[PDB]
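Asks: Single-letter residue listing:
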Amino acid sequence: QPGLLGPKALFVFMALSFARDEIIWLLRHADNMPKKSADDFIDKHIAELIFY
Amino acid sequence: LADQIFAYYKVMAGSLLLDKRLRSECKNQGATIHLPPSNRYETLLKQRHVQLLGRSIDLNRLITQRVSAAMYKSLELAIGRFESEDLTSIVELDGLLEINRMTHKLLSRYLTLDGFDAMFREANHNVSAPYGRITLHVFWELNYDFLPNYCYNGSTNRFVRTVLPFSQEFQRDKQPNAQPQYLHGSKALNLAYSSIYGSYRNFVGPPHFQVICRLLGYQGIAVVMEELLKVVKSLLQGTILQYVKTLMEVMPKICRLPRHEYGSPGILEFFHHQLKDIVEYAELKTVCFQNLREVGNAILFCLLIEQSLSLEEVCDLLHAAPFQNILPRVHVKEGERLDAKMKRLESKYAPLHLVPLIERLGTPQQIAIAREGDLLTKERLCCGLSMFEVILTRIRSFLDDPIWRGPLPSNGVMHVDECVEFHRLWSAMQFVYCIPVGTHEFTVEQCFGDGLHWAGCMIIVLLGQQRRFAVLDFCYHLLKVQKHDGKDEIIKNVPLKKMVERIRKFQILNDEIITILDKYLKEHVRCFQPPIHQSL
Amino acid sequence: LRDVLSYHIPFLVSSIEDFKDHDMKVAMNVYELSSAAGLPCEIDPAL
Amino acid sequence: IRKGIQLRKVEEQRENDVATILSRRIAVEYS
Amino acid sequence: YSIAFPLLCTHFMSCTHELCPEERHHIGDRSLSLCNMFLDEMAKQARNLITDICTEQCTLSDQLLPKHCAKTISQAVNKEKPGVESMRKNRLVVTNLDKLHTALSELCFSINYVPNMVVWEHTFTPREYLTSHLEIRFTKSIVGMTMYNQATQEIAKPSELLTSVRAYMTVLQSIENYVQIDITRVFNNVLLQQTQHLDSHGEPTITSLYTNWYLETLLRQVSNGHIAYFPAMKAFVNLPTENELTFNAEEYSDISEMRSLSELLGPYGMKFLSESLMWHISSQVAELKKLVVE
Ligand SMILES: [Cl-]
Ligand SMILES: [Cl-]
Ligand SMILES: [Cl-]
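Chains as they are written, first to last, in the deposited numbering: chain W, 360 to 411; chain V, 706 to 1227, 1237 to 1250; chain D, 924 to 945, 951 to 975; chain L, 225 to 238, 248 to 264; chain U, 565 to 643, 658 to 872.
FYI, nobody ran anything at the bench for these hints, they're computed from the structure.
Each residue gets a CB set at the ideal place from its N, CA and C atoms; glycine is no exception.
Check the hints yourself; a few may be wrong.
With beta-carbon atoms standing in for the labels, derived distance ranges [claimed, not checked]:
{"id": "1", "chain 1": "W", "residue 1": "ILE383", "chain 2": "V", "residue 2": "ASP1193", "range": "33 to 41 Å"}
{"id": "2", "chain 1": "V", "residue 1": "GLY820", "chain 2": "U", "residue 2": "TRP857", "range": "35 to 43 Å"}
{"id": "3", "chain 1": "V", "residue 1": "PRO1245", "chain 2": "U", "residue 2": "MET601", "range": "46 to 54 Å"}
{"id": "4", "chain 1": "U", "residue 1": "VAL692", "chain 2": "L", "residue 2": "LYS227", "range": "50 to 58 Å"}
{"id": "5", "chain 1": "U", "residue 1": "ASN674", "chain 2": "W", "residue 2": "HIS404", "range": "20 to 28 Å"}
With a straight-line cut-off of 27 Å between C-alpha atoms, the simulated DSS-like cross-links for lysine-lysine are [said to hold, decoys possible]:
{"id": "6", "chain 1": "V", "residue 1": "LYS1202", "chain 2": "U", "residue 2": "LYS677"}
{"id": "7", "chain 1": "V", "residue 1": "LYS732", "chain 2": "V", "residue 2": "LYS892"}
{"id": "8", "chain 1": "U", "residue 1": "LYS677", "chain 2": "V", "residue 2": "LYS1188"}
{"id": "9", "chain 1": "V", "residue 1": "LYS990", "chain 2": "U", "residue 2": "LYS667"}
{"id": "10", "chain 1": "U", "residue 1": "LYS677", "chain 2": "V", "residue 2": "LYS1210"}
{"id": "11", "chain 1": "D", "residue 1": "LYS953", "chain 2": "V", "residue 2": "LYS1048"}
{"id": "12", "chain 1": "W", "residue 1": "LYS403", "chain 2": "V", "residue 2": "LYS1185"}
{"id": "13", "chain 1": "U", "residue 1": "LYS735", "chain 2": "V", "residue 2": "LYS810"}
{"id": "14", "chain 1": "V", "residue 1": "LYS1046", "chain 2": "U", "residue 2": "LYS718"}
{"id": "15", "chain 1": "W", "residue 1": "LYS403", "chain 2": "V", "residue 2": "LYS1202"}
{"id": "16", "chain 1": "U", "residue 1": "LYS677", "chain 2": "V", "residue 2": "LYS1224"}
{"id": "17", "chain 1": "V", "residue 1": "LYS1192", "chain 2": "W", "residue 2": "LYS395"}
{"id": "18", "chain 1": "V", "residue 1": "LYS938", "chain 2": "L", "residue 2": "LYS227"}
{"id": "19", "chain 1": "L", "residue 1": "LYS227", "chain 2": "V", "residue 2": "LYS879"}
{"id": "20", "chain 1": "U", "residue 1": "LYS667", "chain 2": "V", "residue 2": "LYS1210"}
{"id": "21", "chain 1": "U", "residue 1": "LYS608", "chain 2": "V", "residue 2": "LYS1227"}
{"id": "22", "chain 1": "U", "residue 1": "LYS631", "chain 2": "U", "residue 2": "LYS643"}
{"id": "23", "chain 1": "U", "residue 1": "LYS849", "chain 2": "V", "residue 2": "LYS1083"}
{"id": "24", "chain 1": "U", "residue 1": "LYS849", "chain 2": "D", "residue 2": "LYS953"}
{"id": "25", "chain 1": "U", "residue 1": "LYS812", "chain 2": "V", "residue 2": "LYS810"}
{"id": "26", "chain 1": "U", "residue 1": "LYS812", "chain 2": "V", "residue 2": "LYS751"}
{"id": "27", "chain 1": "V", "residue 1": "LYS1197", "chain 2": "V", "residue 2": "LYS1185"}
{"id": "28", "chain 1": "V", "residue 1": "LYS732", "chain 2": "U", "residue 2": "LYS635"}
{"id": "29", "chain 1": "L", "residue 1": "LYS233", "chain 2": "V", "residue 2": "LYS879"}
{"id": "30", "chain 1": "V", "residue 1": "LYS1048", "chain 2": "U", "residue 2": "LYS849"}
{"id": "31", "chain 1": "W", "residue 1": "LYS403", "chain 2": "U", "residue 2": "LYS677"}
{"id": "32", "chain 1": "D", "residue 1": "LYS943", "chain 2": "V", "residue 2": "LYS810"}
{"id": "33", "chain 1": "U", "residue 1": "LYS812", "chain 2": "V", "residue 2": "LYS892"}
Please model the entire structure based on the sequences and the hints provided.
Replies: Below is the structure:
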């Protein structure tokens, strides 16, 4: 329902902003923080988040 | 003399075309397929004036009379044998037709017979009729056996027979056995060839589709597609419509997707209760799933037959290429040009350029026939045309009944909690078929194969309901919540972990199918008003 | 080759067979086009 | 097609000939 | 979702500022290089999955060949059947073909997701990476399946090669289900090149490989006395001599085999085969004339 982009415009930019925030956070922490366990700061489903 | 001459040349044909590796393998196994003894019939076949009791007897003419009758009887038997068997036997038919072709060729070295195509068209009843016996038996078997009894496997690209209780059997008039000379030539050859084609009886796939394509031609395919469309129109607007209308009422008026917090076990319990009447509906599989599988198998047949046709056309065009001036790209060494050598190679194959040569040396009648022939050879469907889109577009027009889409949404946008669109009923049906069954029970995929899901997904796509289905589906929601909480309980005898594993499998399948349908089905949108002040 | 073409390109083969069945330097061009479609020729052009 | 089958089963079969006589003698050694 | 990565390359220019133009082109070139690499790798993986499916289907096609029926013939003259693999009991049982099929469809969704993308004013077309790799791979597999070895004088039976080529084509045709590509034109491109003595890249073809083998292996052993033409069988056949032949001549020269060869070589290829046959007759003729003059 592409018409919803009218009334729900804010949610689009909210969603983009929130997801963007999480990606840049993960990026810097994966690169800079020692792991407690092997799966720490590894998100195998990150592509799904970027795709949407 | 005529009897043994025909039998001799049939056995020769059967031997010539018998796989050499199989021959040697049988020899090593101590079961040598014994090669027929050679004979000397030619001098008898060359006798045009036997002088007997003052008469001049044309022995050649007399032999031909009988040999021609034997050829026709062979062809009648081959087609009649097909008519007494299921669709998988068409491969066997094709082999037998090829042996008959070889027989005619061997006999034509000494005798004058009607053209093989003429003989075949007559036996096929395709001289004074537009569709032959082979084409008509194919549709007969599609309608009575293939559509109702076969299960598509999308990973192997093969169809197989359904489970016993769904196997719709019908009595076949098994043909009386004629003499070996009218089949493959001898008992040994008959046994050898029936073993060879035994492999092809347990499935329907690319080889069967390849054969069907050749034997039906463009006209046979067209009529079968047109008739499959009529079967689908009849099923969708008839019994399926009837059961959809029935089940839409039995369906819960409203069904909300419960929030994550309730947990996956509780959500499973919720769906069980809410969809109990769809679950317990006695004829859901025997009638509803059955009729949908038939729709799916019909639409699959069209897709797969188009693909076989495309493979057939491309191969034809490759062999046409040298007589049609068409050359592949050539390798260019340093100091050479692409245009320089391509023109030079065009010179080499100029004596093979058919139409120009006939235009140079042929009669106005020859030229006109060649020009028409050339146009028929180069212009194939694979060149720039496709069919599956047209098939789908036309099935959409069979869904004009108001209960496919339901009433206008309360919110002016879309239905959410309401169960008034087909996709919602499909979601209830999906709930049923995702439920795990006992270890010794047959599953939906064992009984109906992929065709069921092709049909259900096709309806959703053609109604433009696939996005709302993706969002609102019950099973997808359960899977989503279970992924989050990772809980595993046996709710109403349904082990949740096993249930959500199956949901994922059908989700994968649905997404592939929906994506394919959307791809082949290759503007202004509904806009909404911003709030308005009382001022104006 | 002949049997494969007659099955793949019958409309072209038909025209070729007619054209062959109906000079001595000009007749070689008919034969080269014929032998390319697997038609047996009295005189072999490639030879 | 249904009527087309009936016009081949019922419409099917609707002699001191040497060939005929020889055929019958051979046809027994198979059926 | 792999198409997200090349799409992200379009963002790279947003990081630049008018006060540091020194870095702009470096970042630009980085976005192009990465986009190209992502799309190439996505195409290579689809290519790899397709090859694996082809191999699986060639095996299924092989299982249909007459040679496998010998046991059935022999046991009938004394006193795992195709299709069983397709009989699915439960979708939770995951076959190799299931895995390959799913992985292929998932990735083709990404390759077909967008017709093209614009990265730093350059236009990238994902499907064209797939088309190109399929052409090259199909060529590669055809020559591979010919199983040609100079040293041992071995080559595939034409009928078996043709069977495998057909299975490949069936799988490749199915790609049109997933991606807006014309597979017919890749068939054209690859197969018509195979009819020539060398392809567009100057490499040997099935035509040149078979032409060489029939002359240098089969017909040479006829001269050596180990094989004879059998008009009765319409084939060349191994003679019962004291020899060390590694092949059965009838399995390369009978009607079905020669028909299979013609399917693959076509008029171009068969014409080339004959020209090579004629060269060897020329040499024999030149030698005969010498004996006539003598
Ligand atoms: Cl993490
Ligand atoms: Cl007399
Ligand atoms: Cl049969």
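Asks: Decide, hint by hint, whether the structure agrees.
Replies: Now for the hints, and whether the structure bears them out:
1. At roughly 36 Å, the beta-carbon separation of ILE383/W and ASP1193/V lies within the given 33 to 41 Å, and the hint holds.
2. Checked against the hint of 35 to 43 Å, the C-beta distance between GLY820/V and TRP857/U comes to roughly 38 Å, which is consistent with it.
3. Checked against the hint of 46 to 54 Å, the C-beta distance between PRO1245/V and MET601/U comes to roughly 49 Å, which is consistent with it.
4. Distance hint for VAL692/U and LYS227/L: a CB-CB separation of about 55 Å, consistent with the stated range 50 to 58 Å.
5. Our hint of 20 to 28 Å for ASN674/U and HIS404/W holds, since their Cβ atoms are close to 25 Å apart.
6. A hinted pair counts as satisfied when its Cα atoms are at most 27 Å apart, and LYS1202/V with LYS677/U qualifies at roughly 21 Å.
7. Pair hint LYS732/V plus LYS892/V holds up; C-alpha atoms about 17 Å apart against a cutoff of 27 Å.
8. Distance check on the hinted pair: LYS677/U and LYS1188/V sit about 21 Å apart at the alpha-carbon level, within 27 Å; holds.
9. The hinted pair formed by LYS990/V and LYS667/U meets the criterion: a straight-line CA distance of about 17 Å does not exceed 27 Å.
10. Taken as a hint, the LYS677/U and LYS1210/V pair is honoured in the structure, with Cα atoms around 11 Å apart against an allowance of 27 Å.
11. Among the hinted pairs, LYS953/D with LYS1048/V is consistent with the structure: their alpha-carbon atoms are about 24 Å apart, no more than 27 Å.
12. With a C-alpha separation of about 17 Å, the suggested pair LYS403/W and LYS1185/V falls inside the 27 Å cut-off, and the hint holds.
13. For the hint linking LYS735/U to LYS810/V, the alpha-carbon distance of about 25 Å falls within 27 Å, and the restraint holds.
14. Distance check on the hinted pair: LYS1046/V and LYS718/U sit about 25 Å apart at the alpha-carbon level, within 27 Å; holds.
15. For the suggested pair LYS403/W and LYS1202/V, the alpha carbons sit about 22 Å apart, so the restraint of at most 27 Å is met.
16. With a CA separation close to 22 Å, the supplied pair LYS677/U and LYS1224/V stays within the 27 Å bound.
17. For the proposed pair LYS1192/V and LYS395/W, the alpha carbon gap of about 25 Å is at most 27 Å, so the pair holds.
18. Under the criterion of a C-alpha separation no larger than 27 Å, the hint pairing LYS938/V with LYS227/L is consistent with the structure, at around 23 Å.
19. A distance of roughly 19 Å separates the Cα atoms of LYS227/L and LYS879/V; the hinted pair therefore holds under the 27 Å criterion.
20. Distance check on the hinted pair: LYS667/U and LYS1210/V sit about 13 Å apart at the alpha-carbon level, within 27 Å; holds.
21. Proximity of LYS608/U to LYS1227/V is assessed by CA-CA distance (about 26 Å); at most 27 Å being required, the pair is judged to hold.
22. The hinted pair formed by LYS631/U and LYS643/U meets the criterion: a straight-line CA distance of about 21 Å does not exceed 27 Å.
23. A threshold of 27 Å between alpha carbons decides the hint, and for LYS849/U with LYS1083/V the separation of about 22 Å falls inside it, so the pair holds.
24. Straight-line distance between C-alpha atoms of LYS849/U and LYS953/D comes to about 20 Å, which keeps the hinted pair within the 27 Å bound.
25. Taken as a hint, the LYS812/U and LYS810/V pair is honoured in the structure, with Cα atoms around 13 Å apart against an allowance of 27 Å.
26. At roughly 23 Å between alpha-carbon atoms, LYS812/U and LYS751/V fall within 27 Å of each other, so this suggested pair holds.
27. For the suggested pair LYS1197/V and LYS1185/V, the alpha carbons sit about 20 Å apart, so the restraint of at most 27 Å is met.
28. Restraint check for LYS732/V and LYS635/U: the C-alpha separation of about 11 Å stays at or below 27 Å, so the hint holds.
29. Restraint check for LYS233/L and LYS879/V: satisfied, since their Cα atoms lie roughly 13 Å apart, inside the 27 Å limit.
30. For the hint linking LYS1048/V to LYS849/U, the alpha-carbon distance of about 19 Å falls within 27 Å, and the restraint holds.
31. Straight-line distance between C-alpha atoms of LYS403/W and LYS677/U comes to about 19 Å, which keeps the hinted pair within the 27 Å bound.
32. For the hint linking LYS943/D to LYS810/V, the alpha-carbon distance of about 20 Å falls within 27 Å, and the restraint holds.
33. In summary, the hint linking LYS812/U to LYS892/V is supported, as the alpha carbons are separated by about 23 Å, within the 27 Å threshold.
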